[PDB]
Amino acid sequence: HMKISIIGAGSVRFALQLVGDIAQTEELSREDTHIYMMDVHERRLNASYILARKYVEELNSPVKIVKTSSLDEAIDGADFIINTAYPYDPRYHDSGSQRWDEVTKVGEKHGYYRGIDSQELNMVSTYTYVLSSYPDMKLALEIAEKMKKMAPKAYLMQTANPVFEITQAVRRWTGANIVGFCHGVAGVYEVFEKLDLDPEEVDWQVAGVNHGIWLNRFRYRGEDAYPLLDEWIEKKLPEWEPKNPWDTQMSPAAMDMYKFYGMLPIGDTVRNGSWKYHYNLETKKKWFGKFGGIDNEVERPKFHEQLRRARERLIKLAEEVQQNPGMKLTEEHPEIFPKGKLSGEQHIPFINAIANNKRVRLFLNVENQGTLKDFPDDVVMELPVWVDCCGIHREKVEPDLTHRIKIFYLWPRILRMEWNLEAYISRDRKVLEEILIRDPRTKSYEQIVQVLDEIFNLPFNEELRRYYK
């Protein structure tokens, strides 16, 4: 059979997306495809299981769906393990984002705007937790060790953040077959839209690290197409406005980074700039438009609440279907339960490529292996790759990333990953302190000790405190 396990299936909307794509994929929608939905939160998990079963039934897909609260059961003999879990202690929080929002508030209380987890080239909210991301790294490493014994052939498809740090740590310290997933590359198609270019006529490539990728190749009709971006910056940038807090691809911050680095940052990379664009909310609004981007004290909590409500709606909807077996989720809520339309995410296409030799081009976090020759072979990069029955095949990255991207962006970001990994494995608070000593917002050493003490002293950080004792 074929066993696909979603760890953290309590993440309802993502689980349903994964189930919808599987049921709408010919080579996978088979009675021999078993989808295990695993989580430690039964209310969330139950809702996801009920909605997934009904969704499949309305799609007339014969896939079998199994619910379990046992991590071992989900891993045992799995072919693909999708880690979308975001650990949180329910005694204190409703989601993982809620413990991040709390430590961040404590950071801001001590003078660290947007929390100590917001650093240069690393502003994406909820990416790291107290620098070392202890609970997320711990869970990923547990899964990696369990599957080396209970599922040696399985792919561990890491989606929970930090993808870069975690994929790197698992690869380096376990050798488990882990691949990091994030589709920040989807931003390029807007670039093409704004420049009036058929994306099918555009010869393009993107490369870098997770949330740190660059449009290294951008050609059209046999010539460099960046002069067309230059034209857009001059004529249409002054009139640019963000449609919502997430709209940053064509923002002044992206184009300023482009002017400096020589290539356009893509996707979340525009959020991960230097402190030039993020000193405060007013500065964010100059470089990102009226919302100030997403990673600020207004929009990040707002967005997290929108997720909380959206989650409860789905849970309530799961109670409704149990009461109204006749209602068709495909009809009542098409945007959540689409028919005949794939999500476009890479997770299920990846599985169909490995298991059914359906070759496809994807952007995945894997070891460099000389793809970017100026960087170590074992450093995990977000690279363009072709996946099929027999492995992941890296494309040649040409043109190479510019000299400035390497020395001012990729390398400082790679070192931060190494800092974070060292802080985890060493169990040494002094490494956490050294990271904050490189932090521009630090005014004194005593400040560093006190912000960490309060974070470590939060009631839901007992494990973290004992870990670093």
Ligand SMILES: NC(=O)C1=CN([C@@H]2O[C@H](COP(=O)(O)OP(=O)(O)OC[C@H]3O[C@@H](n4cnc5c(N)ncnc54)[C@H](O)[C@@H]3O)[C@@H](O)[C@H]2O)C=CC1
The other form holds:
2 protein chains.
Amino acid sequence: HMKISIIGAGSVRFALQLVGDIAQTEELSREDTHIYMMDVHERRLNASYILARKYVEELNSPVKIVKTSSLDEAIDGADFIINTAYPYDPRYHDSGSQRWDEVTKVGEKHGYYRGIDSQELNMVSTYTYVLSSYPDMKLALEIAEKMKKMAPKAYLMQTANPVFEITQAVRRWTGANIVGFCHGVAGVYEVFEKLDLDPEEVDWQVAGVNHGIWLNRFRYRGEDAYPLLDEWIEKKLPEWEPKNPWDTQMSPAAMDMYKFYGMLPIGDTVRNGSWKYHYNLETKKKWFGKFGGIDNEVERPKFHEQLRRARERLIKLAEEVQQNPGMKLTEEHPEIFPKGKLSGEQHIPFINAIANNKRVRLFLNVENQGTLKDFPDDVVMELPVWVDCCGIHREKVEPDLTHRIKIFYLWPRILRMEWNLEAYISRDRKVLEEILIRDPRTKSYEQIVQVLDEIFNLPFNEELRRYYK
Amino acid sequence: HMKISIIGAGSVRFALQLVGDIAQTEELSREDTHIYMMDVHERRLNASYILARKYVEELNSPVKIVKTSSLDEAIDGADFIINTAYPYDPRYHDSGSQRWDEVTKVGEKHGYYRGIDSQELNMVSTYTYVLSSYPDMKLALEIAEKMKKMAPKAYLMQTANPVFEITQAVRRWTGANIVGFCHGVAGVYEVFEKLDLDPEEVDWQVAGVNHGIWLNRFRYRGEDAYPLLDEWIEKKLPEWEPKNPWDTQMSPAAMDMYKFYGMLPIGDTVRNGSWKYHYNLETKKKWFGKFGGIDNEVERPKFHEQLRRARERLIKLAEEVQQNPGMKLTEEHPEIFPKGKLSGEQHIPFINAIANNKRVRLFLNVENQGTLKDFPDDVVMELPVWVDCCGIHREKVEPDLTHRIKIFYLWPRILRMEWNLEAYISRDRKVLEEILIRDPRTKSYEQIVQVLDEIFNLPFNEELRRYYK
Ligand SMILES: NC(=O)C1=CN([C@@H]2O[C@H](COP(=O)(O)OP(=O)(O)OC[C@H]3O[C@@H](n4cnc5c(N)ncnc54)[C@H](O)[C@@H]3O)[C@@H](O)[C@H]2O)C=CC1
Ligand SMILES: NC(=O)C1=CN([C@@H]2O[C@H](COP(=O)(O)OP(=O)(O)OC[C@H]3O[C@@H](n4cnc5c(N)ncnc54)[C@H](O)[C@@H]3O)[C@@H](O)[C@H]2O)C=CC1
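For comparison with the form solved without this ligand, produce the structure of the form deposited with this ligand bound.
Shown next: the complete complex, the earlier chain at its head.
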């Protein structure tokens, strides 16, 4: 049979997206397709399982849903393993976002605005946890080892962050068949809309690292289309206004980075700028608009609060369908349970390409292997690839990334990845300290020791503490 | 004939060293050897020329000394061109150290301790000037271009700083036959003395970048000798005491870097540490001893004052020999005019190897060419090489540099070199700003603009200002 296992399936809205796409995919919506939903939180797991089955029935799909609390059962014989899990210490927390928010406050308590995990070219909230991302790296490596023995032919589709660090560590240290997934490339489509360009007429390409990708090719009617962006910057940027904290693709920060690097940063890359745009909230609002972006002391906690409420609402919704089995989820909540239209994420298209040879162009985190010849072959890059039955095939990156992107952006970010991996495998707190010694916000060595001490001493970091002892 | 040209021969004590070594080298001390002394300062040039000829006569050497104020005359048909020049604006200064000290004060005025040119892994005073080192890079490139046309077979022996940036820029942008020289490797000999080891019994090697070299091999009696350093750190480091501001090879800073990186930094590399050891003068004194090293607000200006006095003393000494031609410079000032013993620098041994096939092991700045396979072939490294009649031959670097040296030290330093070269060739002040945006001491973007504005506005930076306009 076709076994697709979702690790961390309590991520309900994302689980239902995966389920909905599988049910609305002709080649996968079969009785021979088994979706395994696995999670450590019983309440969330059950809620997801109930909503998933009710959702599948309304879509009239014969795929069978199986829930399990055993990671081994989900991994055993799986064809594809989707890791969207966000570990947490259940003695003190209910989800993973809590540990990152709390340590971030300890960081700011010691003079590190937005926490020590916020660094130059690395501002995306909740991306790394205490630099080395111990609980997240640990789980990914555990799955990889269990996978090599129990599912030798499976693909580990890593979505939990940090995608870059994790995918690199698993590939380098286990040789497991892992691929990192993120749809940050989707930002290009707002560029085309703002410039009044039919996407189908645009010959474009992006490449870089996760949350560090650049519009290296942007052409229209047989010519470079960047002069059209120059015109927009001069005639329409002064009136740009963000629709919500997440709206940053066409922000002053994005264009200032374009002016310097020569290519437009795409997606979360705009969030991952130098400290020039992130010294404080006032600075963020100058460069990202009224909200100050999403990675600040106001919007980040607010967004995480919305997520918690959304979890409970969906839990209670699962109790509603059990009491009222006659309701139609697709009718009363069409947004959360779409019908007909696919989500647009890359996970299921990827599965449909490997399993059913439905060839598709995707943007995935895979080893360089000479694609960006100036970087090592084994470094995991976010590259344009065509996926089919027999492997993943990297496109040629043309034009190549600019000289400034390589020396001022890609390499510093690649080195930070290496710093973080070294901090994990070495189990040496001195590596963590060295990373903060390169941090602009550090004023003294004694400051570094103190912020790390308080972080390590938090009750829910007992495991992390013993790891580095 | 054999034409050896010294560009910047007003560097008298270094010029006399070069002359003394040539006169005391059997194969070079010939009537067919012409030493051309060239400099833009008439007083210093003449003083050096007079002291040089009197010195040669007392050594009973037939080499002829020629002084000239024409760079073209010195370069024309030269076999070896030694660039020890330190440019300066004569309308406001008398030597090059003045412009660096003054801009350093402007930097500290704006909150950049020890000036913007002091950066992590780059604390050596007077190494770079306003990041891009415009006057020094400009002169080196001028010589290289004049050299390709007027002396196609000559070697440009670069000694003026920044050696790394300059040698890289000349090689990459002109293909001139440049080699960078620095004798920082000599620090290893103090290690052996402190550990009671006969140098001739030590199988050792160093490699890295200029002022960024590491004792990668340290063996004694067929075993790794680093356990002998571990013993010294435990039993003799607590009583270590610097003899002078320059004494740092066995300092707490050097050993702390050894503990983290796994190999001992050698020479100026100990000065080029992270900000952990250089936040302020008190911190420097904790890690370097009572003097706080040499790169601080007390010792650096004091050392530069000693140099100025030494220049005048030697100028007046040149007036003495003209009035008293009977005096013996080798007798009344044996230190400044040695006799019998060679200096130990690598410049003349290098010349004697290329010209007379006197094969010797040296440590020179040359393109990697696979020696450190993890780095690009064209990056200029400071490597162990054997020089003879027909080329420079790189030794195998074994053991390889540790993983931490590469990701935490060598690569960040190599990237800074690329930042500085980009800042020079682009003529784009935004590149300078980006470098300071990665500076830990920066608190705001407006601070960056202001410190650069005041630096660019200094009268003796008119040329630099027009360059970046
Ligand atoms: N790659 C991408 O496109 C993006 C990355 N993410 C990442 O995806 C992850 C999940 O994000 P959210 O859904 O918002 O958080 P969430 O808390 O709603 O989902 C995490 C789920 O994983 C469960 N789980 C925790 N530990 C587990 C373990 N050992 N084994 C199995 N299941 C476990 C948790 O109980 C929870 O139900 C996060 O790490 C987040 O950073 C989120 C958005 C974009
Ligand atoms: N590679 C190494 O081992 C070391 C590097 N250095 C570098 O060597 C350089 C010289 O150092 P110092 O002798 O202490 O300074 P210095 O001021 O005593 O010598 C510089 C000489 O170059 C002259 N000169 C200036 N502009 C010239 C031009 N266009 N053309 C020809 N000659 C010119 C100056 O008039 C002066 O006489 C400096 O750049 C210094 O940083 C110094 C010590 C160690």
